[PDB]
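One chain comes next, on its own, written as structure tokens: the form deposited without the DNA.
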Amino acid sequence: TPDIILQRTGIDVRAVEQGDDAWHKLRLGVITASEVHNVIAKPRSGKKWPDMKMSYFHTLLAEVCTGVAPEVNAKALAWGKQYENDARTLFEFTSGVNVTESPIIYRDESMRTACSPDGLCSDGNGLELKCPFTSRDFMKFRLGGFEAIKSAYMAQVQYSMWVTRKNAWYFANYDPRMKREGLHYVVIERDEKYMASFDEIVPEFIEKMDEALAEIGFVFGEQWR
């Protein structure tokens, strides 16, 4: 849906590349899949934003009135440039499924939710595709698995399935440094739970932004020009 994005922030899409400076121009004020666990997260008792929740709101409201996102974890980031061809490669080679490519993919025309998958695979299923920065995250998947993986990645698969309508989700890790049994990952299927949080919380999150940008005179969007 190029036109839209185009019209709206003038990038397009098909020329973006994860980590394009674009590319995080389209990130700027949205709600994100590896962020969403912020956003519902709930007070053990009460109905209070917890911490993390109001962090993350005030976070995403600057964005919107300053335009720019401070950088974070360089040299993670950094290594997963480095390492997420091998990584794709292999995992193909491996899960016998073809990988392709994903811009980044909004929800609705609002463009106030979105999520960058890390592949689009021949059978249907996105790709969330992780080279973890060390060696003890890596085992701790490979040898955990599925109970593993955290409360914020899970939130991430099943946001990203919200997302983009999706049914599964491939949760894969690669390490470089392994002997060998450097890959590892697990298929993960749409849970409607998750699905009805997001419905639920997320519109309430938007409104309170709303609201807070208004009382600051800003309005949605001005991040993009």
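Residue numbers count along the first chain shown, from 1. Here the rigid core means the biggest group of C-alpha atoms that line up within 1.5 Å when the two forms are laid on top of each other. First, how it differs from the form solved in complex with the DNA.
A displacement of less than 2 angstroms separates the C-alpha positions of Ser110 between the two forms, with the rigid core held in common. Taking 2 Å as the criterion, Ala152 does not count as shifted between the two forms: its C-alpha moves by less than this amount when the rigid core is aligned.
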Contents of the next structure:
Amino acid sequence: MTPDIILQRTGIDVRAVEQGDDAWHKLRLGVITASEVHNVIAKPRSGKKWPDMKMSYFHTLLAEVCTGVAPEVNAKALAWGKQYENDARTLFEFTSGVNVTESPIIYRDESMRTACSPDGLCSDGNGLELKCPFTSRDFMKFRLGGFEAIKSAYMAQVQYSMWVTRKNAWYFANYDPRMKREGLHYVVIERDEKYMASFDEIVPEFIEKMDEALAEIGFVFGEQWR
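Condition change, the form deposited without the DNA to the form solved in complex with the DNA:
What comes next is one chain alone, with no partners or other molecules.
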């Protein structure tokens, strides 16, 4: 990929874009993102039937393609994550001693069907995921249990981000500015090939199924971007 090829497809220039703004949102329309991918790998306890949460994501992205919008979602907890992200980053850099470079959005391949938005790329070649949990209760869960107690959704997110960027390891850092002390804690998550194999199998399928579904109703992927 290049910031050039993205222009052809979407008319948008990516070099002058901020995590959050208008153009950022449009870039993600219809695209399987690391933040939502837990839904794509969700399995039924029996059968081969896609569970509701996976169907709902399926129809969510299809709507994104056919309407060219996404619904605006504000929640207290998300706004908090956004408010404290910058401070988490700086604290993280000071403590780990690495430099972080902010990354717009990264697609896996020419198809542009798969992407992550890293919280940064580090000077040592690892990617970075920051959490600023809205509840101090969740911060504590991670501060004590470490790797053990990363939410599966967060794992799929990190793993997918390696899957997309081809990277080998990823920082996962949790920050709480209400902690008197010990308000930063991070681990390194190694690329895991069970996940990689899972995405190789499951993601191409999910994309095929979305193609078949849009054809039935006379749309084509990419319409969100005209």
